[PDB]
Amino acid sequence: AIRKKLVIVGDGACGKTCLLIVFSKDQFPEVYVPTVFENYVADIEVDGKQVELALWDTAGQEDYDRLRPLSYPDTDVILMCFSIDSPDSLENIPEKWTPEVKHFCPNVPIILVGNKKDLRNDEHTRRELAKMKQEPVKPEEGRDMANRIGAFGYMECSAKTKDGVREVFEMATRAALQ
């Protein structure tokens, strides 16, 4: 079956490793949540199409600007991850990750994924963000950003509750196939 490569980018804040692990395991890790992610090849049937989807993380590579681009070769879809409890991580999407991603991969579909949506109604996050003169990322801001960066689409999910996670990886598969 046709193999497609996926790479996820974004600051450590969003939870790239958590989203990749939750999806590959297809259950929120009960006893132990793994610190690192190696790679994975998930068979997905999306709209009658049998596709092998290779999953890769860019965690740890954040500080190494010469080592990180070695993850990009032949990528068919880029998941551009951000945190709904971290509006600072969203500010890095247009100024840091978009120029780099478009440099190495100019015609690769980018899917702006707003992870940690559950924290929108978590009062410990609303309380902490109030101290920084801030509040959780509104759905209309994540859509405005995806529109500005020229992404294929904007998606939202909760790695903690698995809500939306599967729909992101099926849309990633749709984006890669085109």
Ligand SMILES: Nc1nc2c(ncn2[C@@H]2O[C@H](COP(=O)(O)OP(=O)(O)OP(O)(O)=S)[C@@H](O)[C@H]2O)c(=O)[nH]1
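Between two forms, the rigid core is defined as the largest C-alpha subset superposing within 1.5 Å. Residue numbers count along the first chain shown, from 1. First, how it differs from the form solved in complex with the named molecule.
- For the listed set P69, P34, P139, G153, the sole C-alpha moving 2 Å or more between these two forms on a rigid core superposition is that of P34.
- Annotation for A54: C-alpha shift under 2 angstroms between these two forms, rigid core superposed.
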Given for the second form:
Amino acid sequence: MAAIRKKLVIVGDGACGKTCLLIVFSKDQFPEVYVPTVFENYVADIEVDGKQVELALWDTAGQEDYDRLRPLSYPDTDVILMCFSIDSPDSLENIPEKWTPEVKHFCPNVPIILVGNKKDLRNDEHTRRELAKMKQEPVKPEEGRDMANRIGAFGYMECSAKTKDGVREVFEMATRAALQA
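In place of the form deposited without the named molecule, output the structure of the form solved in complex with the named molecule.
FYI, this one's just the chain on its own, none of its partners or other molecules.
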């Protein structure tokens, strides 16, 4: 029954949490079996600022082998969620190197929300210990915000689909961006 419909597309590295984020938002349930995405689309509703909006959620492949398929999802997009995972510095590095040039090409004036996924792993002792063996550490909020500025993002958010922390807020911000001309 929403009288407003908008289109959202999610992109970012393989395994960075895109599908889980979309399914937690649209079904309120974390999908426990990981199946790499080729193409999917979902529907979800949101109320933000007293405004009821229906979102079409276009799920895309993070794998480079499906690069030629991804542009099928980009037409007539109202907002992009561009994701990385907080436990993977590499996925943040691919934001300016891969995702941003692609999105700016196919969706030049579409607002981008830069989203750090898997925030639950930032303070996970095991995660920190394993990353340190590799001379890595979880992405810091300041690093995410700096990257958002570097890519001209509409906004920056962090969330955990696993715990639901920040999920509603990611989609509130995305909806606000989707509603702008």
